[PDB]
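First comes one chain, alone, set out as structure tokens in the form deposited in one PDB entry.
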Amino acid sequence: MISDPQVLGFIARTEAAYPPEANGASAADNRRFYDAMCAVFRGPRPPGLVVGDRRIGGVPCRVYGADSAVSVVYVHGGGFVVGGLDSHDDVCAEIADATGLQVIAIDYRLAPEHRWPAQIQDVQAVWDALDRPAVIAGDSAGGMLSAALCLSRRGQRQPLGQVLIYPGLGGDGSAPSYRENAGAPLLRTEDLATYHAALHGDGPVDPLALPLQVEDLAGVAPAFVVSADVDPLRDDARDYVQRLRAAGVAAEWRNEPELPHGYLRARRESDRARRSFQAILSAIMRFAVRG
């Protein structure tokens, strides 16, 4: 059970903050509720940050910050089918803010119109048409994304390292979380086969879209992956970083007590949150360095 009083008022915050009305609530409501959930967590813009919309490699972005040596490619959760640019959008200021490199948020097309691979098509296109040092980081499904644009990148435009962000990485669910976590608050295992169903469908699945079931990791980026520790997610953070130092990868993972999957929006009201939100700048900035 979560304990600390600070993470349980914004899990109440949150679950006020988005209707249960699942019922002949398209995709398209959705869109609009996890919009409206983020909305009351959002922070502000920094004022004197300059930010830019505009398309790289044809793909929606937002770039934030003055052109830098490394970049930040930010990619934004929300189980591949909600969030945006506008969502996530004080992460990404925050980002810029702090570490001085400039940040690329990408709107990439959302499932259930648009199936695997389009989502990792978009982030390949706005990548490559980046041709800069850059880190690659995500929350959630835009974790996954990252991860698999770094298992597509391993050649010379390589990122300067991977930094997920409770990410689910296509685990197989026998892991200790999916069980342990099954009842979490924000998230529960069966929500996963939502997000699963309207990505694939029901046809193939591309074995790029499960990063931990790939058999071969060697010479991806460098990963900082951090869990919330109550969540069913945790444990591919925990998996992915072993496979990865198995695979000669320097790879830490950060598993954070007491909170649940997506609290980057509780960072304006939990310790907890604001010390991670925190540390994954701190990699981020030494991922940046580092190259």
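Residue numbers count along the first chain shown, from 1. Take the two forms, find the largest set of C-alpha atoms that superpose within 1.5 Å, and that set is the rigid core. Compared with the form deposited in another entry:
- Here the two forms are overlaid on the core, and between these two forms the C-alpha of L208 is the only one among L208, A125, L212, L85 to shift by 2 Å or more.
- Annotation for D172: C-alpha shift under 2 angstroms between these two forms, rigid core superposed.
- In a rigid-core overlay of the protein, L192 has its C-alpha displaced by at least 2 Å between these two forms.
- Comparing the forms between these two forms, the C-alpha position of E21 differs by 2 angstroms or more, with the core used for superposition.
One more: the block was the form deposited in one PDB entry; return the form deposited in another entry.
Only a single chain is listed, so you will not see partners or other molecules.
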């Protein structure tokens, strides 16, 4: 169990900002509660960073920073029900400022109003419209979208790399982290239903394989996969990196001791979380600079 007082403090502040009763509350109510949480922890925008919104392949997007030879496409998390351009704004802004690469955040369609495969179709639509060298990165459900995009766009259009931040990649639940972290801090459980049911293929039945179940991972972009140790999805990161290397893809698994799911919001009060984001930025830069 977590003993780092900084991240116990972060956990306490997240729970206080986010009363654990949001569930059959309403998708409308969960979106409101999630933004109120995000605002507690939100950092300031870097002054001087240019930021504007723009439709790209029919999907609303937010663009951070000046045009660059290599970009970063960021796909936010939220279990395909919550989140948007404002929920992950400061993370994208800091990626842009630190790397000097232009960042494009994708406001993909959310369920229950738009069920799968709307989310991956929107990501593919932005990716195909951008038609440029780019690293792709995402957290949680947005990490799964990032992984699925790479798998569906192999060949010339492949991203230069995939940076996956505590992703859920479709593990079947049998891995140890689902046991060891079943009551992990910041886990809502009542979200897993909203995210499996309707939302995903568990909504009108459909195969459309999730990354951990595709068998030909050969040729997809090199991966940097970072997990929270205290998170049931931890071993999805372990498992996907192990499968990626068996396919001859370069991939690294970084597991973060003492951190829960969602810890990017703790980077302004936790040394552990801040170091993790520093490593995430360096992995992005590593993929972007071509070699």
